[PDB]
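Asker: Can you make the complete structure from the sequences, with help from the hints?
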Amino acid sequence: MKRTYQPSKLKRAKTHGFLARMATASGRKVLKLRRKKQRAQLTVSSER
Amino acid sequence: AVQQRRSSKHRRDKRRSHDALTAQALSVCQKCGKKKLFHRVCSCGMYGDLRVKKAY
Amino acid sequence: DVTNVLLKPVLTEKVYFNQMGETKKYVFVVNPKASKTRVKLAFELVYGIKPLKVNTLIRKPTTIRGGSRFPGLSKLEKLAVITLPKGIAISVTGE
Amino acid sequence: XXXXXXXXXXXXXXXXXXXXXXXXXXXXXXXXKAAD
Amino acid sequence: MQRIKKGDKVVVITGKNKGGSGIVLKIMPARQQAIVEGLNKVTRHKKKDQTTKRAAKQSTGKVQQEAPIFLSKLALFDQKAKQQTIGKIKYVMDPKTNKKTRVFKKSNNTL
Amino acid sequence: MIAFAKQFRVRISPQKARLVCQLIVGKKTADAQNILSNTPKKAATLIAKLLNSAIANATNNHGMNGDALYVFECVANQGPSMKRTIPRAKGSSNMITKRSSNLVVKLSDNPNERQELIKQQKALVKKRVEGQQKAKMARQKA
Amino acid sequence: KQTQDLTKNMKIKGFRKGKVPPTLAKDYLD
RNA sequence: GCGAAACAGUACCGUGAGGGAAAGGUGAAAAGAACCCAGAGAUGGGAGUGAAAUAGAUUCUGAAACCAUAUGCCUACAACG
RNA sequence: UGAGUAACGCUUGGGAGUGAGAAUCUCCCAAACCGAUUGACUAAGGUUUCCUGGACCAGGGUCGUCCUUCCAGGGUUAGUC
Ligand SMILES: O=C(N[C@H](CO)[C@H](O)c1ccc([N+](=O)[O-])cc1)C(Cl)Cl
Ligand SMILES: [Mg+2]
Ligand SMILES: [Mg+2]
Ligand SMILES: [Mg+2]
Ligand SMILES: [Mg+2]
Ligand SMILES: [Mg+2]
Ligand SMILES: [Mg+2]
Ligand SMILES: [Mg+2]
Ligand SMILES: [Mg+2]
Ligand SMILES: [Mg+2]
Ligand SMILES: [Mg+2]
Ligand SMILES: [Mg+2]
Ligand SMILES: [Mg+2]
Ligand SMILES: [Mg+2]
Ligand SMILES: [Mg+2]
Ligand SMILES: [Mg+2]
Ligand SMILES: [Mg+2]
Ligand SMILES: [Mg+2]
Ligand SMILES: [Mg+2]
Ligand SMILES: [Mg+2]
Ligand SMILES: [Mg+2]
Ligand SMILES: [Mg+2]
Ligand SMILES: [Mg+2]
Ligand SMILES: [Mg+2]
Ligand SMILES: [Mg+2]
Ligand SMILES: [Mg+2]
Ligand SMILES: [Mg+2]
Ligand SMILES: [Mg+2]
Ligand SMILES: [Zn+2]
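Protein chains in written order, with PDB author numbering: chain 0, 1 to 48; chain y, 2 to 57; chain s, 2 to 96; chain Z, 1 to 36; chain t, 1 to 111; chain r, 1 to 142; chain X, 29 to 58.
One or more of the hints may lead you astray.
[Stated by the list, open to error] Between beta-carbon pairs, the in silico distance windows are:
(1) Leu19 (chain 0) - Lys90 (chain r): 13 to 23 Å
(2) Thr85 (chain r) - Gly68 (chain s): 48 to 58 Å
(3) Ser75 (chain s) - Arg3 (chain t): 49 to 59 Å
(4) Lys32 (chain y) - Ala30 (chain r): 13 to 23 Å
Rather than coming from a laboratory, the hints here were simulated on the basis of the structure. We treat Cβ as the ideally placed atom computed from N, Cα and C, and that holds for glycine.
Answerer: Below is the structure:
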């Protein structure tokens, strides 16, 4: 069946990318929180 | 259906009492002496006086 | 110009298959940020014979030593395939 | 002969152990056994 | 400066080996050890490995080498004194060369 | 005088190995080898190797006759297990337990070997009681 | 002869066995 | 005890925000077992080092549940918290 | 404990060879299914899973000398796509 996640290299980068997060106050706050937790994968940009 | 009471370690062994193995009957080859299970060709391919297969 | 864009020559089965038969093809590894024109200029300023043409390869990094206690990634390589004109064959070692 | 290992890392019994996340996202539904 | 240097005669004041005189061949300051020749002889069971031009032979049987010894167990050996003894050293600075020199405290012998 | 051989983390399960080990206990050397060489079981070509190694180190290391060896005790102790996740239906999951056995075979030359083991147990008990009596004598002495 | 004896196995880094260079076998493994 | 004594906000889960583990100790010193035997090998049994090898890398001590072996006693007309 | 129980998720026979060990690996001959497809080219996605040699700790619902698993080396060439 058609499952929920259909992978797309563009949709992912344009929705959860660094530039998408750095365009609104809410995204900046989310990135600040992730830096506080010291996440190695800050966003979906750093896939590798 | 599933056991409403756990089976102890004694009923388990009582059921396994019939799970013992039996020793297969063996005989001696008449040309090389090694033991082979009865009524079967030996390791040399020599059954009785008949050369069945080439030696191992 | 600075000639830091010629890191290391590489010798494989493919390289030696090409490096024989009239036109020679020499394969080096170069700065991944360098362009074809920079590669030709470096060969000019460090060897002296103008390349006939240059081809470039980008080998993506991949996982190595998988399953080992500490796994590691590979290193990004840019390969350059210089081809000198007919009848000329220079040595990579010895100047 | 020529059986040796001079590399700093070399082993044939590679160390590994599989783990379990205990993924048991099980559910259930309704029934025809309703006495109302 | 340091109590024990590379070259001076030294003895052991504790352990199975008592009164073992030797010359320090090498000093590890980080691990506070000291290799003294002729002392602490260990015999590794030398196996055979062949993966290199030198490893093609690598003839090693019961080679006895030197095991490092803690620097605390070592004590400097006196030589200038007619009756040699084990003592502690000072760090006086003589104004002739303004250089620090070790001098024993149970005598007046330099180094 | 018991000679023995061991094998850690044998892939066979203890349940399926004890069935084969019970076919050789108390048997003579040559007959045990003959019985184990023609039994169509997986845990027959592994107990055979252990048995052969045990004979070798009994007649070479410990210096035994070789015509008096009998299988004293062959057992398959429980070894470390390995846990895996088998994917079930409807999103559930179960745990597969890969079982391992620690195999050990022991042969003796003396047909009365149990007596010495009981004797050693008795000696330990006697030393405990002897210690108690000497302590009692010391208590009364003071 | 000698180069035949020195070309069997002893695989070089970037190469394999069999196709060992007919002239270049004295640099890496010297 | 900080979630984190180890390379932990890691492995892993989720599209995402987010959620989030377990895991330490050989020996004073590797002196980490040359060599022999069985085996295809791992490995095991000897040898050797070591005070100790039932301290051997599965590495301080090693409890119970659990699984096997055995000395002694009892048990195949028997209704059993 | 259930219990060595249910299950092991659509495909046969033989000859020769390797190997310590072969219904399962290699070659050959057949045999059986696909054939608007289990055939061929690519987009998306996957990210080395591709080729060669070696290995059989672990994974492969059995076995394994074999693998899309692991180790070492190598592989992607544009003025016109
Ligand atoms: O809940 C049920 N029955 C209950 C069990 O406690 C009871 O037996 C019952 C059965 C029938 C009924 N009725 O018919 O009205 C009412 C209660 C069934 Cl619907 Cl599963
Ligand atoms: Mg029992
Ligand atoms: Mg039964
Ligand atoms: Mg290009
Ligand atoms: Mg599913
Ligand atoms: Mg269970
Ligand atoms: Mg993720
Ligand atoms: Mg031992
Ligand atoms: Mg344990
Ligand atoms: Mg312990
Ligand atoms: Mg009765
Ligand atoms: Mg009656
Ligand atoms: Mg009654
Ligand atoms: Mg009664
Ligand atoms: Mg349970
Ligand atoms: Mg069971
Ligand atoms: Mg049943
Ligand atoms: Mg049934
Ligand atoms: Mg069935
Ligand atoms: Mg199937
Ligand atoms: Mg079938
Ligand atoms: Mg058809
Ligand atoms: Mg198709
Ligand atoms: Mg991979
Ligand atoms: Mg392949
Ligand atoms: Mg292969
Ligand atoms: Mg298997
Ligand atoms: Mg062209
Ligand atoms: Zn015969």
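Asker: Could you run down the list of hints and mark each one as holding or not?
Answerer: Evaluated hints:
1. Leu19 (chain 0) - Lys90 (chain r): 13 to 23 Å: The hinted range 13 to 23 Å is violated for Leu19 (chain 0) and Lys90 (chain r), with Cβ atoms some 41 Å apart.
2. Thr85 (chain r) - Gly68 (chain s): 48 to 58 Å: violated (19 Å)
3. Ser75 (chain s) - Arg3 (chain t): 49 to 59 Å: Since the Cβ atoms of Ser75 (chain s) and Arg3 (chain t) sit about 50 Å apart, the hinted range of 49 to 59 Å holds.
4. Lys32 (chain y) - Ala30 (chain r): 13 to 23 Å: holds (19 Å)
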